[PDB]
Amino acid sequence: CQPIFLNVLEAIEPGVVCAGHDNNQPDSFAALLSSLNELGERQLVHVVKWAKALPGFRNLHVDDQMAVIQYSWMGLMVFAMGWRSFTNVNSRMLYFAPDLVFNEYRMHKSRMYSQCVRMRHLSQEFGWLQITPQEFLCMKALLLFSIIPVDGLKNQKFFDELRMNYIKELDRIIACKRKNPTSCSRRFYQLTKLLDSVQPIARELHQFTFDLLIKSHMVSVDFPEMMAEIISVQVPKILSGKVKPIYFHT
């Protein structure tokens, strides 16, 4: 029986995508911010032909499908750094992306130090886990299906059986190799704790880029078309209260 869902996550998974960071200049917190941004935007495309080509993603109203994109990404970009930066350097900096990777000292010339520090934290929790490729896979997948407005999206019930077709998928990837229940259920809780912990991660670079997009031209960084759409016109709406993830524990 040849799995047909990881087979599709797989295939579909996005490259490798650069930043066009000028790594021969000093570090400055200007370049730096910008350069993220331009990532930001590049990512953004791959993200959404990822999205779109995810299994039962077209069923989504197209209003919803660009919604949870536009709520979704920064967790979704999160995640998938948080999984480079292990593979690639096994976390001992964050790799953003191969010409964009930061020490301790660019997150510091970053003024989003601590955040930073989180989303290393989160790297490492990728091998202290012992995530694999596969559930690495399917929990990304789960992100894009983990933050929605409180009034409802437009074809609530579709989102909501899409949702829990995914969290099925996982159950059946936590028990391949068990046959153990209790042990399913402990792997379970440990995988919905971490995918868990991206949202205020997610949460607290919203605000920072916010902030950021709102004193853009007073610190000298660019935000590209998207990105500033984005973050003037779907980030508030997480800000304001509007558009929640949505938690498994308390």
The other form holds:
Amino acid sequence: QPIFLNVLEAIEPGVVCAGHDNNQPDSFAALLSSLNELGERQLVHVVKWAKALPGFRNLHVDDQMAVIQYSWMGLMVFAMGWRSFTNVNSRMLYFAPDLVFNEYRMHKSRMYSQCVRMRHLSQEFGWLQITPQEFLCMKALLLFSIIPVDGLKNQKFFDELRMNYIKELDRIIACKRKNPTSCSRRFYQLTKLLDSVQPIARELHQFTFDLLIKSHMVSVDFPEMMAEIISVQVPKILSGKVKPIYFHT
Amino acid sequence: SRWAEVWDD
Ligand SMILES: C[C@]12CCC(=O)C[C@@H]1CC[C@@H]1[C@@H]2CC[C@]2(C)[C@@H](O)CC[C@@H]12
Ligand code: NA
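Show the form deposited with the partner chain bound, please, the one above being the form solved without the partner chain.
Let's see the whole complex now, leading with the same chain.
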């Protein structure tokens, strides 16, 4: 029974630092350059994590890369939200041990409204008493929550994979529950929570896209993979060619 | 590309 959960717990990424100089004065360029670097570093971990997920290899190679490239933002925000909840009870955004955002940095980063939503998401982990197991399963499901409207190379293997991950999330809920009405209510809350991640990720997508375009003008550096994915994949999302899969309407 | 590089690794 614990087979699926054993795996998710086993492959969960450890701590990742951003390499931020917390002894230097906060500035838009410094903060954003550190966040971009952190994205580059976490992307490497997301790639190795995803590749180890049950059944991930069933997907066509090109789709494997695709889902990672479309979902990285939501995945990273979700996990960051969890770190914040567990490390500082959502009081600040715990991006990395060396990059913790307080209200001041939220303002200097010029993405205060987005940070607020992320902190709100972080608060939900508490307001809903999300278990470490529900967290893991929901995070896995977020990798299979955004695809092009024209479908993937092999849409069939993906649908099968997404369906099984929904089944696993349903299994976890029905675990310490014998009441079918309680399970339905918990599933409703979790799916609602999962959906709330997409609007936040889209705001970050728009923001990083605009920032990439004018990076040379604000002294903000974008690592190589980030620059590539944000100029090639993110636009497909912003233009509506690639869309999130919502549980509710 | 860097991504392709990392994917190969
Ligand atoms: C994904 C990251 C970095 C990893 C993380 O913990 C979540 C956080 C959310 C905001 C992202 C940031 C990476 C760099 C971005 C994309 C900046 O360009 C603007 C928004 C930033
Ligand atoms: Na690419």
